[PDB]
Every structure is written in C-alpha cells, then in structure tokens.
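Novice: Residues per chain, in single letters:
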Amino acid sequence: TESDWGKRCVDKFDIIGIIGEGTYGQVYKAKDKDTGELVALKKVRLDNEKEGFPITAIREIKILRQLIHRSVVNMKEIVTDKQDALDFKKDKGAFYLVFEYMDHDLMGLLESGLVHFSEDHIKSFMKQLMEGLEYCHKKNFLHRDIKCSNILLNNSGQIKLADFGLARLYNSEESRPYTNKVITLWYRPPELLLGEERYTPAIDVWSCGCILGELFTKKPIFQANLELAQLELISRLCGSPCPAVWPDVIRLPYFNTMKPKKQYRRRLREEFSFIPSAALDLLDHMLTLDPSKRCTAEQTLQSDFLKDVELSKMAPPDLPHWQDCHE
Amino acid sequence: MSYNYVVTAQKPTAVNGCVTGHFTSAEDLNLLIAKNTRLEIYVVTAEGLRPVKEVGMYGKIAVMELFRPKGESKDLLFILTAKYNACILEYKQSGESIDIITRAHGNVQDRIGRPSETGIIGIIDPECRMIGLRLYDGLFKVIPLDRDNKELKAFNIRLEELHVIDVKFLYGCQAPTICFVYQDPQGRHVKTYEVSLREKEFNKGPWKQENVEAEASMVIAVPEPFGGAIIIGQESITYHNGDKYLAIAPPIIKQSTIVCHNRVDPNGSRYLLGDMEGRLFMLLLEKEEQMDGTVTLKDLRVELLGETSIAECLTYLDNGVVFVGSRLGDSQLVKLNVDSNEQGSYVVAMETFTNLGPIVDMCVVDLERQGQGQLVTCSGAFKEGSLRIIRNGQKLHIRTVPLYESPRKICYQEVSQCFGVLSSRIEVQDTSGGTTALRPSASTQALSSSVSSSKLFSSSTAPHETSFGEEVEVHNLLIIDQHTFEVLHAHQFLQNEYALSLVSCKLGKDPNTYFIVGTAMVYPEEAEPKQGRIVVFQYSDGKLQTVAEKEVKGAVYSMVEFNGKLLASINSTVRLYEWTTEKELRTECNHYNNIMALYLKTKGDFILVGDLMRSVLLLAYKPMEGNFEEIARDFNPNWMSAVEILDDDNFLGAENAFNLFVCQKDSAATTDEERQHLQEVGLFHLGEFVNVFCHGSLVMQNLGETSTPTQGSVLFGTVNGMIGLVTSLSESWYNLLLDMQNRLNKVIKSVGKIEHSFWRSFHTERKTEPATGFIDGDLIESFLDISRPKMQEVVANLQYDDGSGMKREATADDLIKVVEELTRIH
Amino acid sequence: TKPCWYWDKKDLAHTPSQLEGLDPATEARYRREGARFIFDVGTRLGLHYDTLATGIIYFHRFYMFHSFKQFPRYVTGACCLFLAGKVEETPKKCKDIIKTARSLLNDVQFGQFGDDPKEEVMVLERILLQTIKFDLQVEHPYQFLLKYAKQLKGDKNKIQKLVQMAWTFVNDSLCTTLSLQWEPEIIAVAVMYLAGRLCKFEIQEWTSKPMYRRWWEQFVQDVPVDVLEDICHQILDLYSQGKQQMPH
Ligand SMILES: CCCCCCCCNc1nc(N[C@H](CC)CO)nc2c1ncn2C(C)C
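Residue numbers (PDB author numbering), protein chains in the order written: chain B, 715 to 1041; chain A, 1 to 393, 708 to 1140; chain C, 20 to 267.
Check before you lean on any hint, since a few could be wrong.
[Said to hold, decoys possible] Here are the computed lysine to any residue pairs in the SDA-like style, where the Cα-Cα straight-line distance is at most 25 Å:
1) B/1007 / B/977
2) B/764 / C/109
3) C/111 / B/802
4) B/837 / A/185
5) B/1021 / A/185
6) A/1063 / A/1130
7) A/857 / A/825
8) B/1027 / A/840
9) B/933 / A/115
10) A/1060 / A/185
11) A/1081 / A/1055
12) B/745 / A/8
13) B/932 / A/61
14) B/757 / C/168
15) B/853 / C/168
In case anyone wonders, no lab produced these hints; they're calculated from the structure.
Work the whole structure out from these sequences, hints included.
Specialist: Printed below as a string of structure tokens:
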C-alpha cells in the first residue's frame, strides 16, 4: 500500500541534479519514472553511524507525517538504495525523504535578481506563511529555524515552509529545558540572544517579522555576525531590553552581561515610515521585545493587513524572466 | 586558495554625466566629465577643450554637481558614490603642482531603506543652503551646507509620496523649495514642498499640485525672471508657476523619448533637449513684459536643430559649442549655427571623442599573422552601433566600423577571411501593415542578402496584433570581410525571431566550416520564449546557404563547439548534439537542472554553465556512457552576466552587482558532499558590468614574451566601454603584491578620503564582504607614480617569501622593476 | 496514507514466531520479558514513561513481522528503546544502553548481543525503521487516562485512587499484546472501567452526564462493553497467574 514506507527503491526516480547541501545529506531534484512528477530527495546517510539515523531527520519524519496544510511542505514517501541482498548488517545504503519539488527558495529569489514585491504580493506571501505557522502552533510544534532559505515558493505563488529539522513540541503546562542557540543569528529573537532556554512559540513570530521587514527593503533587518552585535542592532531599532518594557528580562541569564551601548528608544515606526500603515502595525507587534507581549500567529491573521486578504487570488511575485536576460 | 590579478587595459569611456562651472579658478570656464569612477577636468577655449587634470575615485560617480558657497572664490565639487560615499572637493594649484582637496567627507548610507526605482538623485539649493538626496523610497535626506559640517552629517524627512520620478530645487523662491513629479495609482502629479533646516521637516509648498502626463520624466528648474518649473514627457512639455499653466504638444517629440536637458541662456529663455534617436531640439521661452515691469512666460516653442549622438548628458559651453556626452556612442563637440546648412541642419560636428560604448561581445583574432592579436568588439547601440578593431601600439590604436544598428554577437571564421556578426535594427509599424526602418544600416546595405524562409513556426494558431507606430527588432546575420570590413552578406531572420548565439566551427566528420546561429521566437505575451531554432549556414562564394535547421522548445541563449559536437543551452536545458553524415543535428544527451542556462564555456570534456540566479555549475561529458555528469555547483546564489574558465580547477564569474568572483573544486576529496561544492575562493568588486570574457592578449607575445610572473590571460568587456584583464599568480607573488597593497593604501591619498578596502569590498544590496583572492593591479601600477619619499616609505620593512632567498628585504628600486614588468602584460 | 497497526486476537496464532514452531505461551513469555527488559533498562536510565512505552510498542509490532528465533529479543528491545529515545526527544547514547543492559542481564542473556553489543544493535536500526514503516508517532493510554480523568469531578481522593490504579494497569498492559489489538483510547477507558469495578466506584456520577450509565461513550464512541471486558480479562489474567495481586 501507499503507507509501506522505506521499501520502494530510489530506482523509481530519475535524478536530475543536486539542489542543495542539507544538514544530514545532499538534497536532489528528481523525476518520478512512473508519474513524471518532479520531487526533491533529502538523502539520509547513516553510514557514519556515530549515533545511527540522525535525529534531525527523525524530527522531520515524525512531524511532517502529522502536519497537513497548504503552506507546509509535504513528505511524500521514504525510499532506499538497493539494499544488500540477504544481508541486514553489510547494508550501508541510505534512505531518501521524498518531498514535492518547489521551484525556488526565498533566499535565492532575493539574494540574486531583483524580484519585485508589491504590497499585494507581500500580503499573499505573509498570509500563507503565518497561516501555516498557526496550523503548526495550534498543533503545539515550534519550527525554531525560520530563515529566508527555508521558505519555499512555487511560481504559482504558493508558499510552503520546509526545514523542520530543529522542530520540537511545546508544552505550556510543563516548562521544559531547551537548546538555547536555535534560530540563525540574523533571524534570532532577543530572548534567545539572552539565553531564555525555555522559549515560547513567539520565537517563530519574531523571525517572520524580520522577514516582513526584509520584504519591504529587499535587505535583512538585523545583519550581525556575533550574538552581541545583533542585540545592538535590534536595540537601535526596537529599544533596549529593560524591565520598563519586558518585566521578566531580569530573569534571563545574560541580561546584565549583554548590555547595549545605550538604553535606546524605539524607532521602529520612524526608520520604517515608508511602509504601509497596516503593515507597520504588524511589524511593530511582531518585533515586540517581550515574548509575552509579542502577538501570536492567529492575531497576525486577524490584522488589518492580512484579515481581508483573499487567499484564492494567489497574486504571484513578479518574476522578470526574458527581459532580465539582457539589460 | 586561488590567487589572481586584475588590471585595466582601457579606462571607462562612456560619459555618465557632465557639468560646467568655475571649478579650477573663479575665472576659467570648466567642463567636468564623469566616466565611471573617472573624473576629467577640462578648460573651455575658443577651439575646444584644454585638459588640465584627471583623477580616479574609489567609487562609481553617481552625483556630480558644482556649487559655490557664499564666501568662496570659486565653485566647489560635490560627488556621491554608488556605495553612498559623499565628499566635497576643491581644486588647488601651486605653480606646476595640481592637487584635489577633500574638504568634507562621509558615508550617507541608512541602516534601513528601500532603494528607489529612479535611482540616486542629487540636487543643491540655488542659495547653497543644503544638499538634497533621494536615496530611498519615502525618504528625503538633507545635508546642510554649513561650515562646520566637515563630516557631512544629515537627517531624513518623512516623505509621503513614495514613488518619486524626479526632483529639483526651484529657483526664485522665498524659502528652499523642491519640485517633484511623483507616481501613485491615480497617475503622475507635480507637487511642491518647502524644506526647513530649523524644523527639519517639510512645510506646505508654494504652489498648487496638478496631475501631469502619465510618462512625465524630467524636472527643469527655470531661473528668474520666470521661476517655476518645466515638466518634460513623451508627448507634452508643460510649465507650471503658481496659477500659471502652459502646455505645448508638438508631434515631433512623440516620435522619440526625450532623455536629457540643459540650460543655454542663464535667464532661462532657451534650453536644449535630446531624445533617444539622437535628435537635438531647442526649447524656447517666449517672454512678455507687463506694465508692472514684470516678466511673464508667454508661450513655449520647440525647434529641431539637427542630429547628435544619442546623448546621456548635454552641456552648453560657450558661443555655439555644445558638449554631447554619450553613454551608447561617441561623445562630441558640435557647433550650433544660426543659419542652417543646405540640408536644413543647424548642427555641425567639431570633434569626436572615442567611446567603446556597450561591449555586447568581442573576440580576439590575429588578422595580420603577427602573433600580437587584435581585439574586435561589438560596441555601441542603435545608430551608434559599430565594430572596433583594437591593437597595442604607448597608446591603443582603434579602427571604427560604423553599423548604424545594434551588434549582438561576433565570431571569426578564418576559412572565409571574414567575421560573422549578429545585429538587430529598429523598424516601426507603418501604414502598409509591414514596417519601415528609421534609417539604412549594415543589414540593409549588404552586397548580397537573404531571408529565412523556414516553415517550422508557420503553424501559428494564435496571431499577434500590431499597432501603427510600435517598434520591432529585426535580427540579421552579417558576413563582414576581415580586411575591408565590407558587409558582404546580410541574412534576415524570421519575423519576431531574435538571434542570441553564434559560433563558427566544423562538426563531426564534416569538413565544411559553418556559421551556426541560435534563435528564440519572442512574442510580447511570453514571459519566457517557448520556440527557437538552431540554424546551420554555410558562407560560400559570396552567398550564405541554409544547410539545416533544428527546432527547439525555447531560446538558444548560448552555444559552443565541443570536440566536434554542438553544445547548446535551451532555457533550463543544456544539450549536446551530434552532426550526422546526413548533415542534420541529432541529440545525444541533456542536462535539465537549471533555471536559465544563460552562459556556456568548455575546456576538454568539462563544461561551465552560467545560470540566471544559481551562480555557476561544473558539468562533465562522460564519453564512456554518452551523457552528462554534475561535478560541482556554487550553491551561493548570484545573478550572472558572464563566465569564464581559468584552469581545470578555477572558474571566473561576473555578477550583475558589478562584482567578480572565482570558484574552485574543493580538492578535499573525502565525501561526495565536499567534492560537489565549488567554494568561492575569490571575491572582488570591479565596478563595471562585464558582458563578455575572452581568452587572449593584445601584447606582442610571439617570442617577445621574455617572462612575466603572471600566468594566463583573460580579457573582458563592460557596458561603460572599460576593457580589463585577469591573470593568475603564484601564492608567493600574491602575498608580495597583497602586502604591498596594504602599504600603498596607507601612503596614497584617496579623493574623497574613500577607503580603498571599502571600495573593492564585494557589494550587493544584501551583502558586503571584504575582497579576497584578487590584486588590484591598478593600485599596484600606481606605485610607479608616487613621489620618491612615498616609495621608500612603502618598502620599509618589506620582506619576500618562498624565493631563492627565503627572507629578502625590498628597496624602492626593486619594486619599480617588478611593477614595470607587470605593466607589460597590457 | 497511514498504516494499520491493529490485528485480531485470532490473528496472533500466525505470527512468524508461531509458524517457526514457537508455541503461544512461549511467545507471550518472550514478549513479557522483552517488554520488561525495555521497561527496566529505560527506567534505570531515567527515561520518561512515554519513551519506555514507545520502545515497547515498536517491539510488540516488530514481532508481528519477524520470528523470535531469528532476532534475539533483548537486542531488539534495546534497539527499540534507542530509537524510541530519539523519537520522543529523550535521547541516549547506544553505549549507555548496552552498559545498563549488561548490568541487568546475566551472562547467558547478554550472549544474545554477540561479540560486539553496540554493533548488533546499531545495525538493527535499519530493519526496525523499515518494519515500523517509519510510523514513528505513537499515542499511549497515559494521555487519555489524564485527559478523561480531568473531566471527572467529585471526591478528589477517590478519583486519584482510580487514576493510580488505572495507571498501574496501563504499565502492566505493555507486557501484553493489547497494544496490538485496541487503540490506546480504548485502553485508557478499559483501565478506568477495571479500576472502578475493583474500587466499587460508580464513575458516571463524576461525569457531566451522571445518569448516563455507559459513562465512557462520551469519551470513546462505539465501544461495546465486550471489548472493555475482554481487555479487563487479559490484564487480570497476568495478575492471577503470577503471585502478584491487584494493587488496590
Ligand atoms: C539548480 C540549483 C537550485 C535549484 C533549486 C532551487 C531550490 C529548490 N527548491 C527546494 N529547496 C529546498 N532547500 C534546500 C535545502 C533545504 C536548499 O534550497 N528544499 C526543497 C526544495 N524543494 C523541495 N524541497 C524539500 C527537500 C524541502
């Protein structure tokens, strides 16, 4: 049946090429021989066997077989290399996680080429992203690695979230010890720069806000190479962490350690005065310092900016194609 | 790992802006010409221009304006670089010693902002109270021109109108006033604001807003007695001042878009206008004096003067002389006469300043069997289009071959003692239903001519409508003699067929030498072309013969000969064809893992693929199996403009951000994951847009080579006409030259006090990295021009490594010898 | 979409183990010992109760597709627990599981791990993952015992006695094949039904429908008492055969 994973062979896919370096193995683009569908194959190598099958992949299998949403990448099946005949020990062949193939990744679209993003293109994009995050958050899962590269986009305008390698369940009743360094520094929230270690779903919201701002400038907002420098840049814009705005900042391991140059005032609305009013209010709420005052995904979908966006009208992002080839 | 060297062989020639004023002395009339990164200072004479000084700046010159603050004897110069390096400059001359003073400097970049569609705009107040900068949508930056602002500190005023087209400071206003055309969904409007240095905000502007032409392009500030502004469009010219409103809509300007303006009479009575087809107009302000003793604008008139080169900037000098600054063709001095000549023209060319224009493509060919090599470029666009023959002889000798249509690709076929050149010319839909060319050109003045009769695409179920007056490109293959550069033959391609790629080669066991062209069916409706042809031609006995045609499902962006087989890129696909004994193309194998396969290069059985957004790829042909293999990719995404192979492991690329990079095979072969990663070992901000890489050298190296430390030779052409050269170094030579750069940067004084390290840092809107793996040979070659005291300061404590002697101190005379050998590679 | 993980009691007479000549009593014993092994090892390592159960559920499912004669059970159990740790985010190093397994197994039993214990286990991970068809997510009776108890209102002490007695019944059912016969929701109800019958409590009184004598139907739809009675019988069977008695 369709559910008997791990047996079908990768012979059933014609490999087209390597689309990326993954965490646990290379990622390939391929075509299904029987249907003609294009798929993406994340290769899982346990030949190292330091700890066997990687947990990063285990998380993505455990979670993406539970999560079904238009904005969540779909894992179609798991296939294997030709296994050694009649030996269960000499087999070092790898497994492949079969996903739908997405045309582009957001990092690629922005870093290279001028992709134009109008207000409506951003509305359709953010609405899909945040709606997916709300599906995951209602299911009590935290992505924990929201970057531009992990947001995938088909030319049809459909958005799908992708790399669930660092995702784990969140219990509001039972606070649990977590791994502090989780999101990439450019998209990391302040509480995790100060080492909360018991983080809330609000961490994902901060990242999506950094993206929201990035879509209006085509440049990431907080570009820093060190944990402290990020907190300074965040502080120059959002204001310095202080009990005045974040009563529980004093409980965080590094609050006294990582002080910014000044006790800056919040300028977010000033340095982003060129953004539409509905959007600026969304950015201001998403980039709130105190994670308990930072809005939830559901609240973002119930915002003047996204509330009335009709998902049926996909509104694809503007792609140059032929015109860009020769200036 | 890889270490490379990059020098300029020919400086940027395209004129990017030009101003006049009193910069060198309060008495002289100056003409300042800006080419990319280069400033030329001239003095106006009765015969022409007397050059006086030329400097380089560590930045692309974006804004250039002359202003004279109160208390200054002579004009000062403001410049802002494309990396937002701002400075105020002064000319100072002490007898024979000419130097440029940096009076104020700083970087005006904002941590947050959206770069505007119409680019950086810089304007200065008539009263010189402030400098205005439009860098980001929704923001207006003000640098007050106060004596204390030596760092050029500035503030932003929130601007409601997000999409601004153009802005100028208005003359004849009580307070500093800006007039700008902006676009919102209701069309384009003209609006004015007043700028307040005390309040640091806008106040309501002096006169009413209006809704203007949809394609309103430029704002002209008219001085008193008139005041107000003139708004130039595609169809109409309008003048607004308070409640006064005029509009002239002469049919002549509708034919061609107007792009540049300049004031002739300081009182505003007369202005010059130029359009994309090169026509030069006179805009006249007809005065009427009232009983109040007041002067009002009565009417506007437009008069055609003649034809000039397609001008990016105009500047009237004195008497009848105008300087025509062209980015697409040669710049000029032209004289405007009061009386027309017998042809009806008032314009007569005086001088012609060479501009290699946009270099769309080029090849190196030894026309005379000398071993020296000559460079044949596709240069210019539209009527300024031309071929250029370039050889070393101490200056470059350049022959020009006018074409009067856009050249696209060039390739040399020795067997036929001629070149093949792809070209496109503009025709306009005429009342016959067909089209009419605006002027004759190479593809129409060919000795013999032909037109494709291919029936492949004749099966068009959907037709395409045409409106009178619309432009179309007509593409041709030109056959051009290598001694006379006579157009021997012109082949016209199908209607709506674009010629994109061209090669000359033999295939398979076929002894004939062919011209092969790759095309694309371009319909306005299609974002990406979906039809195309590979056509095999033979030039024989003065006639081009259609030999075979292969239909493809896309655009043939690039082709190249590959060990007797034809390698072509069709959209995402990279295909290898074999040439049968039946003289037809047969597919052997394909590669589909691309977005758009824009550029191809080969060496042996290896292929380098340049992609639209996915940087570079290393493909390999595996003859044992008859297919392709992926050796490695550059997963760091970049928008490619051209690619080249340096050696079996290093690969060179050019970015649309004016950056150069080198990728290598990781050569740490433990895991397939490492082998398949091309690592970007080289990063370098060039400052030019590279269209074409081409192996070769113009130097006499046939037995006259002696020996150079540099190994290899790649030439490249750019949009601004600049030609450069890239070459490789040994680890030892790089370290020496690099260590010397850091010493030279401390010694050499930069114009505007721009850090050299900043200038050459890799730079996109999203990233800025320090340069690596590249020696700025133009910095190294400046060691020979610095005074003796500075040379010895540079060599102090300088040691050599990995040589005959492991540690060896350098003297000033030792480095003069090394650099002079490095100047002999070009 | 998703695989079916439930068989009928009658189908268990056709496990591979049975068809290679193993009798029903022995396979039941082997399952009990393999389960108790996983339980005890993970408890010594300090593992969460869900992690123990998940390993056990993998183990019980494993021997629906393989014979105990070709896969030594204590190797399988250890491997189940290893992966179970990674699935449930309570991970342990394979070397640490072996250490604990050696502490608890005698010399004969540890013989199953062969010459290289860590290797015999890590290698089996490939087989286990294919066998469980990569259905890593597993739900356990524990969560339903609590979700349903939370909706009971009445004497705090009587309900807590019901919960602990039922919780013990859950731990004991992991040794049985019930994990393979009935969804966990039913198990949670069944253990509530048995704890109440042994405590002489009438649970309907604590529900929102106090006159709804089939109290469970508001939690688990379509469950006949027969199913609950069959489950109860199998749990108490384990108690009566041994010396151990009902917790009460
Ligand atoms: C020619 C070279 C590039 C062309 C292709 C551009 C990206 C193709 N789209 C995908 N990108 C990614 N992300 C990779 C690692 C996370 C790196 O981007 N994952 C994908 C994609 N489609 C499905 N998946 C599954 C595995 C989640």
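Novice: So, for every hint listed, does it hold in this structure?
Specialist: Checked hints:
Between residue 1007 of chain B and residue 977 of chain B, the direct Cα distance comes to roughly 20 Å. Compliance with the 25 Å bound is thereby established for this hinted pair. For the given pair, residue 764 of chain B sits about 17 Å from residue 109 of chain C by alpha-carbon distance, which is consistent with the 25 Å threshold. Among the hinted pairs, residue 111 of chain C with residue 802 of chain B is consistent with the structure: their alpha-carbon atoms are about 23 Å apart, no more than 25 Å. Taken as a hint, the residue 837 of chain B and residue 185 of chain A pair is honoured in the structure, with Cα atoms around 18 Å apart against an allowance of 25 Å.
At roughly 23 Å between alpha-carbon atoms, residue 1021 of chain B and residue 185 of chain A fall within 25 Å of each other, so this suggested pair holds. Note on residue 1063 of chain A and residue 1130 of chain A: the hinted pairing holds, with a Cα-Cα distance of about 20 Å set against a maximum of 25 Å. Restraint check for residue 857 of chain A and residue 825 of chain A: the C-alpha separation of about 18 Å stays at or below 25 Å, so the hint holds. Distance hint between residue 1027 of chain B and residue 840 of chain A is fulfilled; the C-alpha atoms sit about 21 Å from each other, no more than 25 Å.
Of the pairs offered as hints, the one joining residue 933 of chain B and residue 115 of chain A holds, with about 10 Å between alpha carbons and a cut-off of 25 Å not exceeded. Using a Cα cut-off of 25 Å, the hinted pair residue 1060 of chain A and residue 185 of chain A is violated, with the two alpha carbons roughly 52 Å apart. The hinted pair formed by residue 1081 of chain A and residue 1055 of chain A meets the criterion: a straight-line CA distance of about 24 Å does not exceed 25 Å. A hinted pair counts as satisfied when its Cα atoms are at most 25 Å apart, and residue 745 of chain B with residue 8 of chain A does not qualify at roughly 47 Å.
Taken as a hint, the residue 932 of chain B and residue 61 of chain A pair is honoured in the structure, with Cα atoms around 23 Å apart against an allowance of 25 Å. For the hint linking residue 757 of chain B to residue 168 of chain C, the alpha-carbon distance of about 44 Å lies beyond 25 Å, and the restraint is violated. Taking the CA atoms of residue 853 of chain B and residue 168 of chain C, the gap is near 22 Å; set against the 25 Å cutoff, the hint holds.
The structure fails hints 10, 12 and 14 (numbered hints given earlier, in ascending order).
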